[PDB]
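Peer 1: Next come the chains, spelled out residue by residue.
Protein chains: 2
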Amino acid sequence: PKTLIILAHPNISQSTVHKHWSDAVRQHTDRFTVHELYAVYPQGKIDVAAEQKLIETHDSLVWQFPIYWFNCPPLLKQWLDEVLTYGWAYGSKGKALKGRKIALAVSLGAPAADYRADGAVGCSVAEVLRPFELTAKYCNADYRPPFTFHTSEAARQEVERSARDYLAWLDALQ
Amino acid sequence: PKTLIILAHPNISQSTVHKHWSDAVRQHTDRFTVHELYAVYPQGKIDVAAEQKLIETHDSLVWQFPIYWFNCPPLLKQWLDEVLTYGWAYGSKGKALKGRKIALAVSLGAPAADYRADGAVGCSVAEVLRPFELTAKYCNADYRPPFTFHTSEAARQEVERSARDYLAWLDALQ
Ligand SMILES: Cc1cc2nc3c(=O)[nH]c(=O)nc-3n(C[C@H](O)[C@H](O)[C@H](O)COP(=O)(O)O)c2cc1C
Ligand SMILES: Cc1cc2nc3c(=O)[nH]c(=O)nc-3n(C[C@H](O)[C@H](O)[C@H](O)COP(=O)(O)O)c2cc1C
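As given, the protein sequences belong to chains A and B, one line each in that order. When you number the first sequence by the working numbering, it's gap-free, plus one each residue, and the end is 170. When you number the second sequence by the working numbering, it's gap-free, plus one each residue, and the end is 170.
Errors might be hidden in some of the hints.
Just so you know, same-sequence chains aren't split out, so a pair can sit in one copy or run between any two.
Calculated cross-link-like contacts (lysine to any residue; reagent style SDA-like; alpha-carbon spacing at most 25 Å) [to be verified]:
{"#": "1", "residue 1": "91", "residue 2": "12"}
{"#": "2", "residue 1": "15", "residue 2": "45"}
{"#": "3", "residue 1": "97", "residue 2": "150"}
{"#": "4", "residue 1": "133", "residue 2": "9"}
{"#": "5", "residue 1": "89", "residue 2": "36"}
{"#": "6", "residue 1": "41", "residue 2": "26"}
{"#": "7", "residue 1": "15", "residue 2": "89"}
{"#": "8", "residue 1": "94", "residue 2": "39"}
{"#": "9", "residue 1": "41", "residue 2": "9"}
{"#": "10", "residue 1": "89", "residue 2": "106"}
{"#": "11", "residue 1": "133", "residue 2": "45"}
Simulated from the structure, these hints should not be mistaken for laboratory data.
Bound-form chain A, shown alone:
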């Protein structure tokens, strides 16, 4: 099957990076499925059954989102809590993610130079994303290296380049 992209962005219209990323991926619907949580669940009423079946019908799983306060948007956190249930994602009968490739595709609003021991943040991007790595590993998934991008003509071209790199990263994952 194809790769399922769980895209969580509270306002993708005002988005530049994720909007470009989303557009690029929707050009190959036979290879990827862009699932926009905020668009599908504008009231936050996640359909667990629907979400789980979507994952089962796909192969690799990707969580795409902007890094807000060194974390994910709220709807993604809710998605994790309500979709990865005991008996499905983990626990005795829960093997839905066992051996499944899981990776993150994220954007950061600070320079990469900041996420270093000698940088303003003092921590690496990997240390920041640890919660999601632990989540995937807990469910016995095959956690893969994340796709990252740190955020106007030249700038616009760079974002376009990132979108192309994202596609390549996606294919590699497959």
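Chain A is already provided as a structure; the job is to place chain B with the ligands on it using the hints.
Peer 2: Chain B with the ligands in isolation, oriented as in the chain A frame:
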């Protein structure tokens, strides 16, 4: 002023640890203010102005919540994104948290032995909570060591003891 406790638990009624913690703190309303996000905002419509003013009228700030998927409950993440705005919590005019004591009070559903290099999780609790530490530090707050507890008669007594320790930790923070 007193300490403001931002308590984020999606179902505190079915809670045992946080329910006991909350009850213990509400015994001293002249020292602490328990602000239950899910009870105050059952529809997720956070009143930013109200939240910010609440923090300004208090001294130390505490975020109390159960660790769900090595992270916080969704409403707390939303709270962080919507309340810590540019010009208030950070940025040129944003000094609302500057020098303010910020700490977390959390419960974990796995033994402490798991959160070690030689444990099932492979990471420490500190590495897990990093996102919140970075958030507080980014806003120039005085991040303090967190209060942690790893989760029936003897068990019930231990939870009661944890509630007492929480109070002591709270006073120390003050
Ligand atoms: C509430 C709020 C919190 C933010 N926190 C962070 C932060 O912790 N680290 C970071 O990399 N960027 C931070 N940002 C910036 C966004 O990551 C950046 O603007 C985003 O990648 C751009 O979105 P887009 O890619 O959809 O255009 C924050 C922005 C907002 C809006
Ligand atoms: C959706 C879901 C995800 C959970 N994830 C974790 C986990 O990452 N680490 C952990 O310490 N406990 C985990 N737990 C267990 C809770 O932390 C534990 O049951 C909680 O502290 C108990 O709540 P109470 O203290 O209000 O009684 C999870 C529970 C649920 C319900």
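Peer 1: Next step is simple, just say for each hint if it's right about the structure.
Peer 2: Hints, one by one, checked against the model:
no.	hint	verdict
1	91 / 12	neither (36 Å within a copy, 29 Å between copies)
2	15 / 45	neither (27 Å within a copy, 30 Å between copies)
3	97 / 150	neither (34 Å within a copy, 42 Å between copies)
4	133 / 9	neither (32 Å within a copy, 30 Å between copies)
5	89 / 36	neither (28 Å within a copy, 37 Å between copies)
6	41 / 26	neither (28 Å within a copy, 38 Å between copies)
7	15 / 89	neither (37 Å within a copy, 30 Å between copies)
8	94 / 39	neither (30 Å within a copy, 34 Å between copies)
9	41 / 9	both (21 Å within a copy, 21 Å between copies)
10	89 / 106	between (41 Å within a copy, 20 Å between copies)
11	133 / 45	within (22 Å within a copy, 39 Å between copies)
Hint compliance for this structure: hints 1, 2, 3, 4, 5, 6, 7, 8 are broken, all remaining hints hold.
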